[PDB]
Amino acid sequence: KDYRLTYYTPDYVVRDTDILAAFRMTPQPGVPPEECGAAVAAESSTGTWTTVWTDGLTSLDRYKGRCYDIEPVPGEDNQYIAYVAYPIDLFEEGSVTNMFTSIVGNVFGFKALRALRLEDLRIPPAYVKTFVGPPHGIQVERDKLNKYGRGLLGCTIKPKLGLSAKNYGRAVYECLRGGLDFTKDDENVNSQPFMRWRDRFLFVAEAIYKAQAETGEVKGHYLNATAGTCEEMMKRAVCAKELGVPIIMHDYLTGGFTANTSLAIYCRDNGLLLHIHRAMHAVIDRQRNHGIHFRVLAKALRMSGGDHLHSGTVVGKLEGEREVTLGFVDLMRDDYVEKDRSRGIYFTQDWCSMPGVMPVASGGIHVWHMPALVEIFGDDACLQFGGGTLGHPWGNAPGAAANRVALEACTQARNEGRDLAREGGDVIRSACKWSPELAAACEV
Amino acid sequence: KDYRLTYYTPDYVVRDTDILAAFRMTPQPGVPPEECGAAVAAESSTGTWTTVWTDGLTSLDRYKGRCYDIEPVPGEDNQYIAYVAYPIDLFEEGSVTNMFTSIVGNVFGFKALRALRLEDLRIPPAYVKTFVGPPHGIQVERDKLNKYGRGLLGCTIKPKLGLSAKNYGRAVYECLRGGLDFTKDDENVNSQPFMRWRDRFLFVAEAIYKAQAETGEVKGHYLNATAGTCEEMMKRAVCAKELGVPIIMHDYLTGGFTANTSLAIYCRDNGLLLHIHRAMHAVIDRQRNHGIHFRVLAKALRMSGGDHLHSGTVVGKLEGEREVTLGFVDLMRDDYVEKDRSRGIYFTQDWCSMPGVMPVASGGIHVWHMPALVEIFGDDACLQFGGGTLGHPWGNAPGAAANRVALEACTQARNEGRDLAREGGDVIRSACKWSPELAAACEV
Amino acid sequence: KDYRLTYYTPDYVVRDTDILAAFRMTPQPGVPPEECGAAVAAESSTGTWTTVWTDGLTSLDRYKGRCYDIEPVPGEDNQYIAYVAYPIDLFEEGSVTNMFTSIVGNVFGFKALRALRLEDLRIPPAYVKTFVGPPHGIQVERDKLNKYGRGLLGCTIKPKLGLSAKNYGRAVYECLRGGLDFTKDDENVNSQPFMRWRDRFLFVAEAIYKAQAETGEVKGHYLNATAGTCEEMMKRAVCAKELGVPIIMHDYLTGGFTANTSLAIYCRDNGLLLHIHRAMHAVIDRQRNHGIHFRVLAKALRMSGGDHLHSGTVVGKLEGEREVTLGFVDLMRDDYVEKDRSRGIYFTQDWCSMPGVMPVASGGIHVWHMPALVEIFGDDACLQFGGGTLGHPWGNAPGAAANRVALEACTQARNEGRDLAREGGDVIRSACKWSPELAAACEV
Amino acid sequence: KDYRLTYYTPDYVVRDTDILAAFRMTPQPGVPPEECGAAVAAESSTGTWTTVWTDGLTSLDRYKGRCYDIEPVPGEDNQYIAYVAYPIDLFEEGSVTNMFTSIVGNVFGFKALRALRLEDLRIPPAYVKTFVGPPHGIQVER
Amino acid sequence: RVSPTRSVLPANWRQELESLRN
Amino acid sequence: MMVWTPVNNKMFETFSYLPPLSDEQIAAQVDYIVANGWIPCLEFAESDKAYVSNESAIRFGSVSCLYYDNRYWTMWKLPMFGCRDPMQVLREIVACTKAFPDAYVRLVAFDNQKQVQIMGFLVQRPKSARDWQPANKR
Amino acid sequence: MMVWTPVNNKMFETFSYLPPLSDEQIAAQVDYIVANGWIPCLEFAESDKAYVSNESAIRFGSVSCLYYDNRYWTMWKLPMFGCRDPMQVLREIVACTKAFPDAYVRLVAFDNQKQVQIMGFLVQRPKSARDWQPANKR
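Residue numbers (full-length UniProt numbering), protein chains in the order written: chain A, 18 to 461; chain B, 18 to 461; chain C, 18 to 461; chain D, 18 to 159; chain E, 51 to 72; chain F, 46 to 183; chain G, 46 to 183.
Calculated directly from the structure, the hints in this document are not laboratory data.
Even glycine gets a Cβ: it sits at the ideal position worked out from N, Cα and C.
One should not assume that every hint holds.
[Unchecked claim] With the C-beta cut set under 7 Å, the calculated list includes, among others, these residues of chain B facing chain C:
id : residue
1  : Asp160
2  : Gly288
3  : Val354
4  : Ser370
Chain A with its partners taken away, still in its complex shape:
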């Protein structure tokens, strides 16, 4: 337990099958960095003490994480990055639950640390291949939805007239008919006295099929399957299956990894798409000195399984916070990601053909952010509009139509070689001339 010479082994060669972790570490004053890195490597069975009391185990001889490198953080005075290698034998194959239990189960309480943040993980190909992963992934999703060469467009339904299931479905119909690919159950809408889940599912299925008959395009609504129990959760997933509807939704951090992985496997087995909402992520991922950075939680989700993931907004963020967001968007979507510290990527990640996950971005209040979103995310993203469609003065369907026109004109202009950073306002104003819906949204 934290001997510093057992666990801090700076000449260790990292194996290919090891799981690597990068901990941003804030030691208590007077505690040297090598002692802290070793303590995090060791996960000592005493977290109050910070000393080796009971030393010599077969859980601590070959099944030990080793701190193989400690680096200073530039500009900080008491913060270090500690790199820990874990042997792949520590982990239950295919269990995100068990990997977090092994890595983050205990060390965040260790008294020798003042603060501890888990920045990144290197998931080796040998561990990656034990997971079912996302039910479809971005490519399969585009083939199943028949939708190519632009972002997908969503919006959250907040009805003006009631939260009843029937009014909920009316609003879904109005948004989808106007041009959106998807609408979205709010993350707290599970099954309440004002709106029981099975009534919601039925009226949303009528809305999806009505807008699909009308538009001739494939339409969905993310039907929230999050439940108190796995059996209730699967009752909802089964209902969606039987309605033949395309997509369901789960709040993976509040339901849990055990339930999320069960759901992702059901969705792979029955061809449902799985939208993943990240409620409570800011409880864990917000503070710079403590918790678990979202890129780790996104990597976990990609392993547990999800076809879409809420990935934040880039509205109102500085270039440096935008570098970070694009880092984890690459970890979500790509097959191979190279080490890149300025994007916060501490490890080369090889996904070993595990399907990527579509990031879902909050678009802003208005449609003038459309050029920036298309330039930053590219085509493989859902842009969610929280009130673009509904703050529109003519209502949900022209608001949807205004978002779709703006996305398509920005896509056209991007393919034509125009610079959306410079000319995006000129692209929108030029589409306003022929689109009355977009012209009315830009009057706002």
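We have chain A; now place chains B, C, D, E, F and G onto it with these hints.
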């Protein structure tokens, strides 16, 4: 969205069926407390903006949490307690998952806040009664185990000779035979290449029954049921059922509330006891300014269901940190808990006959902490010994026997009216005279 | 609808397959008896009107009950017995639920009647044979219990120390060990916060087997299976099956005939005995001028299925109320019962080898009622003692032993030709000389 | 069992989680209203006797319905409304069957009463929320 | 939990229990 | 205040809570059997087979409900069809106990109208049985 | 370095790892019971019924989980309602052991507030029991 007159309603009368929340709140400098409390009440659909952009919803007219009180924190300069009432109609009956989604789903990212910590929740009797809750609770557990008038004694198994299932079971046998009520799967031991779960279950069942035949007392081992999937988890719970063994274990924060509640219902339906381990709690609960205090996570667990809960150690803690621990121990165990700020209890909690949960305390390295543990916890607790039993020079069984003698002599002395704060060293030394095992542990 | 010439057909010959009903009828003043009897026969589709409004139906041409006889009630001035024949084609085979719907579904609200009581039913052999009936019946029960030539002895458990499952089981053990055949869940004890059903079942099974090992006699406890839902009810019946315990219990009037018949069939299929409790019977059966006399509800129960039935007490009743009780006790138990007006039996009932049901009698506070109970009921009855066993000064087991001695001495004296009406006090005093437990009960 | 001072507690404050019952009550002539209200509160295990016999239980100390109010019925001479509070712990969550067993299971046969009618029940929010309830209800149906 | 106040055993309690055992 | 003993205090159903029936008490019960037209029969068992046990349930799936071994005892000769005089039963009781001194002996009765066993009570305990108490069972 | 013996070393839950409580030690525990308003009661069992066993599980399907036989012992008289003086329990302990010399005797306590058994510890081991060790159990 954060209008301050809509959401901050300081003359609101709290209804009996409302769910109350107390948020310790750190506003961004220049942002007034009433605006922050209102924003947390509102859960605005813009977390970046901090302004009312899209205002007027039927999700936000009658289904809105209201900030009914903001108080300053004494000694702090920029921290406030905001009290938020939520109507019971917001919540899915019996779903801990959905209550955290509704309360902590989004507000911890709100930009008007620098930091946000959820301190306490008032769960109303009308919501409490929708939950199955703990499979047995403390009383039923004591009746089923036939064990009255002392703490229960556990220890974690860390074998000296291997992590194989057979050696794991040998160590379980040696500890249990000496006097311990329980032994404990380590929280990461789920099913690994070095030890697959079903082999572990079988050898532990042989050990439990061997020590039970030998001692004539009921014995258990917390068999870790935590899995990647709900179906794997239930495969393990079913195996324990069929072995007829008394207790299983779950890591409720890494498995998730959805899986934990499913498991707790299985355990109620098949008479298994459910031990709950709290791995990753320090990711969420450690920093004073951000996250979710453990008492909330304990209250959640009592609702989701668990018969025991890891509740920390009180070794090495000051009296003020000990007041906090005893506060949540009362929320875990008692039927009715009164408001008591100095113990960190912000709300009167009426459990409305929901069974209590047994706290599990880390006992120290040695047996001299036994008088303090008995005085602080009283009888209704499991004391876990991490190396008392195994740092003992004569091995696991005399170490178990030394812990059991010390617990029983401290219990005897407490019932005889002796002050364990003063006389506990004199109680232990007096038991050392006739117990050679305890005498050898105190030589250390 | 109430034409009086269509429905009152006083020269109709009663068919063998007809279901007959005898209604005690209180017409509104000025309404002739023939019009009221016809109205009850017709079940007019206007209950407010008392006139033929819409007349001529194929539900009212050949599927009509006919009032074939109206008699005055002696000593009464405005009360009549109306006899109604119903064709067997009206009734769903094997459905007590449907027979009450057809006979008592609507006529008790008819405005031409001031009051209406259903006194008796003639169930024809052709209808009787469509029912599964009691799972075992009295004979099979005696063979399975190995208990011949005396009444069975029960007592209700009301623990002095708590209503917990463990204390409940301790009291069951103490009563059963002393000499009682059965103990009894209270009718409201289903599954509460103070005592959940599966915990109760387990501790009662330990008690039953402990007292059985000790006495060497077969022992039972009526485990209440009454639930909110059929699935919960069957979950409890299945648990009893798996514990291998002899008997369960149902409250057939509050659970319902649909659930009771389902349960009785489960019990036939899995060899469980079914004790039937008659809670709410006095809501229906008490008032002389309105409702449904208990003998009808007992006959219904025998068809729906029960091995025992709570049949009242005869303590504190006059000879005339005792004649009535013995009437329905014969309808419960016997194969063929002859018409006998002074015992309230209005129809000859041929049970056509449907097994009889064991009446359960409340014995009094004390053991001095034992000679009267043995003389009135004979051997085929359970005598329940409500505080004979527990008002005993030495506790449950000597109280049980005092009841068993008194029953056996009264049985011995009855077989020896002694008159228990005269000599029963002399039988008890003579058994007090050698039984200290009975001598201490008679000191009270 | 019907002590009148144990079960008739006219200064009891009604809890929010209690189930309340209003019984229209017709006592046998000469039996005072407070004795009848208490007997209905108690559900004595002797329904023929109408007197205490075996007294002192853990089913009758904290799991007892209490008659907290008796009112005369206007225009009637021998009828009273007795109000009985039942603690929510008495009842199986979500089981209408068990609530009728607990409230109306036995008292309608009690010999101290000539007639007994159950007029109304107050179902508390804490009990109401244990029930699934109507599959759709009026709104969803429309 | 209340503080257990001690009860002095009656004089010659030892003599009382010894007689009973025999 | 006395304690009903749990030790060696086995019961054998009807009449086992009374003192052992004397010969006149057995004769009077046989008179009850004969007057009713019932058929007396004797049955016997050794002490290890005398009381209910569960040992056959090892072979079973989940069907032990109301199964118990040792309810059946062994018949002594045949049911005494046409028994009218009680002295034949008393002679047969003596003969059974003489042949089987370590055996419990029970007297049963069958009612051929209802086609069912209708009585069964014990007439003899073996002295060598320690399983039961001699009515100083407290 | 000594070896905790597995042979004949049965335990009987609370306080069984201490030396047998003297009369003064029992009296002081009874003072703890009385001060709390708890109800003392005595229970006893013969050696073959004293410790946990599984023999009833032969009758079961898959529901043996936390079932065990011999948790229940046999009550000695009645719970001592209104017990205030410890000399009554000490007299009752002597009376139980006098009536049952081959029996283990345990003292239990019930808390009528929480309506549950709240103590249980052993006050007498029978001499003739070889199942347990006289605190030279090593």
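TODO: Starting from the hint list further up, note which numbers the structure goes against and sort them upward.
DONE: 3
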